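Asks: Here is how the chains run, residue by residue.
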Amino acid sequence: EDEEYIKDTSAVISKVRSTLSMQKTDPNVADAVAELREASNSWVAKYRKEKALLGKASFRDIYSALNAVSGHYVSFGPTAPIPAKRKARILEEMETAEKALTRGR
Amino acid sequence: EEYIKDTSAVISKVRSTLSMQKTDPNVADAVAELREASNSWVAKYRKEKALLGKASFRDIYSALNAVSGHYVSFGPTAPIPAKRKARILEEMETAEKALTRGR
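Keeping their order, the protein sequence lines are chains B and A. Under the deposited numbering, residues 2 to 106 are what the first sequence spells out, in order. Under the deposited numbering, residues 4 to 106 are what the second sequence spells out, in order.
Careful: at least some of the hints might be erroneous.
Claimed, not checked - Which stretches of chain B does chain A cover? Using the computed rule of at least three CB atoms under 8 Å from a CB of chain A, they are: (1) 18 to 28; (2) 33 to 43.
To be verified - No farther apart than 30 Å at their CA atoms in a straight line, the calculated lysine-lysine pairs in the BS3-like style are these: (3) B:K88 to B:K25; (4) B:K52 to A:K47; (5) A:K88 to B:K8; (6) B:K16 to A:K50.
Simulated from the structure, these hints should not be mistaken for laboratory data. Even for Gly, the Cβ is constructed at its ideal location relative to N, Cα and C.
Please take these sequences and the hints and turn them into a complete structure.
Replies: Have a look at this one:
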């Protein structure tokens, strides 16, 4: 279902924005990061084996951005701020991916 | 059996990762590799219906979740607390003894 892919991918995008936009000292950070990683794992596990999705810009861009977020947290733990230039890049990839997503791309 | 093969590999990575000293330069890679194997195992078998009735699956799932929850809360260099690490390793042995017998 394409509508379901749009709903699920929008939710993940919102979680990335929520997690990345918290204050670096914020106490909810560890919880936010944990929820994001659970959302990311579910999204990947649901959609990565769907072959044709690799042809969607929305999928490639979200998959790449989630990997950028995941790689940072698995290296440094949940309260390490993502480097500012990567954070900017990730949030920009979220915007480009969401613009494709809601056009059915 | 594919499930036995995959679960043995995960057990082995848990044992390898938990046994490393905190000075080991491979710890970061080892935790990452374990996280990846753990994700692939759960994604592959949590969907399978029959397996939640298997002791090996429940015990592995539980122990991977204990490993996961620790490393999502701390960096890869933070050791799992000693008493939990020992319990995890013991559940690995229990799970493997059931796994090898088809349970």
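Asks: All the hints need checking, so say for each whether the structure fits it.
Replies: Cross-check of the supplied hints:
Given as covered by chain A, the region 18 to 28 of chain B fails the check, having 0 residues with a CB less than 8 Å from a CB of that chain where 3 are the minimum. Counting residues of the region 33 to 43 of chain B whose beta carbon lies closer than 8 Å to any beta carbon of chain A gives 4, which reaches the threshold of three, so the coverage claim holds. Distance check on the hinted pair: B:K88 and B:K25 sit about 12 Å apart at the alpha-carbon level, within 30 Å; holds. Simply put, B:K52 and A:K47 have alpha-carbon atoms about 16 Å apart, close enough for the 30 Å limit, and the pair holds.
Between A:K88 and B:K8 the CA atoms are separated by roughly 39 Å; this puts the pair beyond 30 Å, and the hint is violated. The suggested pairing of B:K16 with A:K50 holds, with an alpha-carbon distance near 24 Å, which does not exceed 30 Å.
Comparing the model with each earlier hint shows violations of hints 1, 5; every other hint is respected.
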